[PDB]
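Just the one chain here, laid out as structure tokens, in the form solved without ligand UDP.
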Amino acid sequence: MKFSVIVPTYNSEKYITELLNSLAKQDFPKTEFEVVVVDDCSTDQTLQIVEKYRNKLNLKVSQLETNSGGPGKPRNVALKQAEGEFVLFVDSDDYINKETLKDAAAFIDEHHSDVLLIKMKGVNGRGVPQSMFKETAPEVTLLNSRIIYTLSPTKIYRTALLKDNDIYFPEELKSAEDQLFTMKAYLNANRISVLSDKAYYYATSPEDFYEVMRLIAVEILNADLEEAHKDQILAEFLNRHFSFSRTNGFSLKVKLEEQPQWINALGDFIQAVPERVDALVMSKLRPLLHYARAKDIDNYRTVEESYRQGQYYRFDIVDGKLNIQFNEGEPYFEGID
């Protein structure tokens, strides 16, 4: 088979059909794809609604004997069952365009992609990564595009890519586990493609979270790539992470007494990042990497408060940028813009 649509479900009764409908209206033979539903022990009758489609859709259904508390274990069970050449993970609260597997299969055979991103579209007023879906491109890398800014599994992966290199979702860690999954697939793919000719996918404690980030840093730095390139990929991940994750501004939002917990977990993540990589990151994040690596919340918070108020202990203006000293006796950080 060409594809395996993978659907993790838990109490998905209210909108599972709109998903299963989109899989039935596919301008693509039901002969060449399967829908692999693995239910995380739903109370309602999602699995009964899913059974209505067993005579129109090539259909596989399992149910876990107990709730795992996340989509990781459901997806992994579905991934091991899948026989299709390519795999697509879909949220039961979502649906896909009718041309999706039509256009993907056509694209895949032209350019034998290992990973194919398909352009997304938010419904009901739902934020969706945009910056990497402005062009269709049969070949993008982690360093010439913004694919690292979208790590959701709502993408098309070659099944053997995930299976040959043992890429599976974390089951033990349940915050942002999909980022480690898609990062691994990126680093292992020989060809990554972006297809944007239309909109295909429609979207409707810190110790676990930063354990995943530490594993991502470990995974980049041990990839089978050139040393200079590994450092640059990790720099781009840290740019994205400090701009868009919960790390951004945490010393301004998190309650003071919980902040030592955050700096300790963030520090174990940043201590896996060699200091040499700080020079590759956006200059404004270098002070944050510095005090995170030292696990110094007071100076970390001062930097973030200083940024937020535009108040600095001392600074110079050189080449239209700021060289900032955030506290007495602390180093100057240069080129901040």
Second form
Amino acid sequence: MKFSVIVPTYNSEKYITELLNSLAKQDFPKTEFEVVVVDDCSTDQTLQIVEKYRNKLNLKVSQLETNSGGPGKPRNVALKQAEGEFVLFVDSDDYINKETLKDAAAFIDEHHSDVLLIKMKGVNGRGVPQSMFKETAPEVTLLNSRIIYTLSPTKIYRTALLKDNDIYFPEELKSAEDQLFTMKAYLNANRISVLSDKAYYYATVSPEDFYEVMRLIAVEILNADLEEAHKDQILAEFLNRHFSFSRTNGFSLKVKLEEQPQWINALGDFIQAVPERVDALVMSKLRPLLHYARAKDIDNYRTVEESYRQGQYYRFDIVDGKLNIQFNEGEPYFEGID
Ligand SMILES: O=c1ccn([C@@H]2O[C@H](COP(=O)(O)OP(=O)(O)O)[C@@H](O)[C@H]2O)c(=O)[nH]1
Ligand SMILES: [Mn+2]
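The structure above corresponds to the form solved without ligand UDP; please provide the structure of the form solved in complex with ligand UDP.
The complete assembly is shown below, putting the previous chain first.
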């Protein structure tokens, strides 16, 4: 079997037939894929709808004893059951192009990808990263492409890549768990490919867990079997994206003041796993934020964010278009900030 399509469900009764129909409609031999549904203890008739398809599909159907609260444990249970040469995770409210498995199979037989990104399309207003799907590419890296900007598991992974390297979703960390999963796949993959010929994938609490995942990602990058300068650059790119687009961006302007110490402490533990030499590699505006996160100093961290957002700085000059900023009295100057 080429493929195991892995589907975590939870009270998906109103929309699961869209996914199930798109899998039944695959222009691909039924003998060469299975559909692995693990249900997160739904209280509706999800399982009964799923059963209607057991003749159109090779279907494995499981259900957890109690709701795990997220797709991590369901997907892990399915991954242990998968016998496909490759796995594809599709969420219960999404669906795929009828030629997805056929095209992916042909691309894999031509290029032997270990991780294969497949172009996504947002429906009903949803987006959907795009900057890495402008072209089809048989081989990309973390440094010459934009793959680090999509870490959802809505991708194709060589089953043996995951299992031989013990790559599973963290079950006890309910936030951003797929970022660690896909980062680990990327870092262990001998070949990462991007297939963009058509739209294939149609897409529809405290921060302790969140920043533990981020810290595990930092440790994972730094420990990979890659050149040292390349690890540092990869970590810098991950930090660029994380501070620009994650919940970290602007948290000191949005989070209740009483809760920001808890944020800065958990963020600080993440950034403290980033060696300081890496700060020189990150976008300059983020350097004061890395500095005050490591020191776990929320007052100065918040002044930086507030200064950026209102254009006021305690002391600054401009040298060839870039600012040298002292954000508060007695604090270090940060130089060359765009
Ligand atoms: O307790 C839960 C809740 C969600 N899900 C599944 O995990 C995936 C999370 O997807 P969802 O579409 O709800 O997230 P979103 O679209 O908001 O990103 C879906 O396949 C759900 O069926 C789950 O397995 N357990
Ligand atoms: Mn969804």
